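Below are the chains, spelled out letter by letter.
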Amino acid sequence: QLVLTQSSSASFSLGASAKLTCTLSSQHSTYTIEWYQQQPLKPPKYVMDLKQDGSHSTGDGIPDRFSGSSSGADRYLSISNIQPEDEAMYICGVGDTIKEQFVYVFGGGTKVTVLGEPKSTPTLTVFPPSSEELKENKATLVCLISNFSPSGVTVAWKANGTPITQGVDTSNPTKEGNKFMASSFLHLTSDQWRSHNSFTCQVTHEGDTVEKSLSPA
Amino acid sequence: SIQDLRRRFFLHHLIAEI
Amino acid sequence: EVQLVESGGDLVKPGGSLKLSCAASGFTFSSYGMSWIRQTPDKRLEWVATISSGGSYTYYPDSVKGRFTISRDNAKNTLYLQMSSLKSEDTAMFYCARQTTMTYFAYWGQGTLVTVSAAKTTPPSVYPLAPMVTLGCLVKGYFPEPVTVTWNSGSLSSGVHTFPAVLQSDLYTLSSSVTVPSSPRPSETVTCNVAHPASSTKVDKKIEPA
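Just so you know, the protein sequences line up as chains B, P and A, in that order. When we follow the entry's author numbering, the leftmost residue of the first sequence carries the number 1, and every step to the right adds one. When we follow the entry's author numbering, the leftmost residue of the second sequence carries the number 14, and every step to the right adds one. The entry's author numbering puts the third sequence at residues 1 to 131, 140 to 218.
Bound conformation, chain B alone:
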């Protein structure tokens, strides 16, 4: 069985040298493989070919910070001076023809996170229900969380200062420039909306808490 094994995730500090490993099944230890890169919400792209002897060929436009090397069954992708845009999923692949048959296999991919980037507290933009949606017995409050780094944030909502649970939907954070952004929706009957003093979107980020409230009126 032609199989490529890669760890699912890995973390490195900005500026450090990273090394990712792709391991060929033993019987295929002499195989040349390919490395691919896939940045958040984007198409995968070709990085390089890597032979058993460690010689490799890089794709057009790949930074020279990316290089390959090998050791027996292991195939390594090394990234010197790791940068924020190197944050991505890296996948190895390998092909072979058995008689007149072609098989091509990809590894499971390694999600790479770049730590130690400059912190940036999140901005909150809140919108109340549209008049049209209210005309339908419903109200969705939208909270756009933007300009933050790192990506971990915990969103909560408050109705008249009290924490709400049932009815909240927050997206996962998403890359944008060097920053991150996400959204959160609080689903309300049109009634609750105009019958509460306030609503609050609360975001916790790296020890800090940001809040911006909406007032029906």
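Take these hints with a grain of salt, some might be off.
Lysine-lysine pairs mimicking BS3-like chemistry, simulated, CA-CA at most 27 Å apart [to be verified]:
hint, chain 1, residue 1, chain 2, residue 2
1, B, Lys138, A, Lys76
2, A, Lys65, B, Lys138
3, B, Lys138, B, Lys42
4, B, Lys45, A, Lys76
5, B, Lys45, A, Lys65
6, A, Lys148, B, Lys42
7, B, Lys175, A, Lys43
Just so you know, these hints were derived from the structure itself, not from any lab.
Chain B is already provided as a structure; the job is to place chains P and A on it using the hints.
Relative to chain B, chains P and A alone:
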């Protein structure tokens, strides 16, 4: 190196249809 | 400037069929082997089909052999993937890829989403969102993905940020925003254009003061 040669040949075949 | 643009992705019922196309430019199409690679919701990549430059030879993995047919029209610089007997496990983002003399998948397209499911398509309910000023546009309760959101028919370039959809009750909801100098804010017209291909529905929603 054997697989690496099957690889080169196959890539050429896709181009030239040997 | 090599370019590959896939189209044809859509919602299909299990047991159904669907044909994808990939339009190519910026290179000599008829000189290269072309392939399809798909990416499932778990993010894993799977090679789907490869065809030689003249179309004389085709290759497929067991997972789709007999069900999927890759073909091409060199006179039209177009690559095709006819799919049949689809199953829910086939749902995925399908990409077209072109070889180089030294590697298999050197240039990739943007991808087209194939969703295989019994659920029917639901168009989105689009609502404007009103407060440099930041306006929004709520795109609620659609299926399947994707939807595209532009502003003033694409005139409002930067300042625009469409957020990732959230999934609740087998339906998706997302939001998009544009920031614009406060001068034109209400004086000029600002509208979001929402397209949900799966339903052939397109809606331009005017952003109006509350």
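Okay, the hints, checked on the actual structure:
1. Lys138(B) with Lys76(A): The given pair, whose Cα atoms are some 50 Å apart, is violated under the 27 Å limit.
2. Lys65(A) with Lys138(B): violated, 48 Å
3. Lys138(B) with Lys42(B): Distance ~34 Å between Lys138(B) and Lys42(B) Cα, so the pair is violated.
4. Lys45(B) with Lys76(A): Between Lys45(B) and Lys76(A) the Cα gap is close to 25 Å, so the pair holds against 27 Å.
5. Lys45(B) with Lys65(A): holds, 25 Å
6. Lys148(A) with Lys42(B): Since the Cα atoms of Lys148(A) and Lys42(B) sit roughly 23 Å apart, the hinted pair holds (cutoff 27 Å).
7. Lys175(B) with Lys43(A): holds, 17 Å
When the structure is compared with the earlier hints, violations turn up for hints 1, 2, 3 and for no others.
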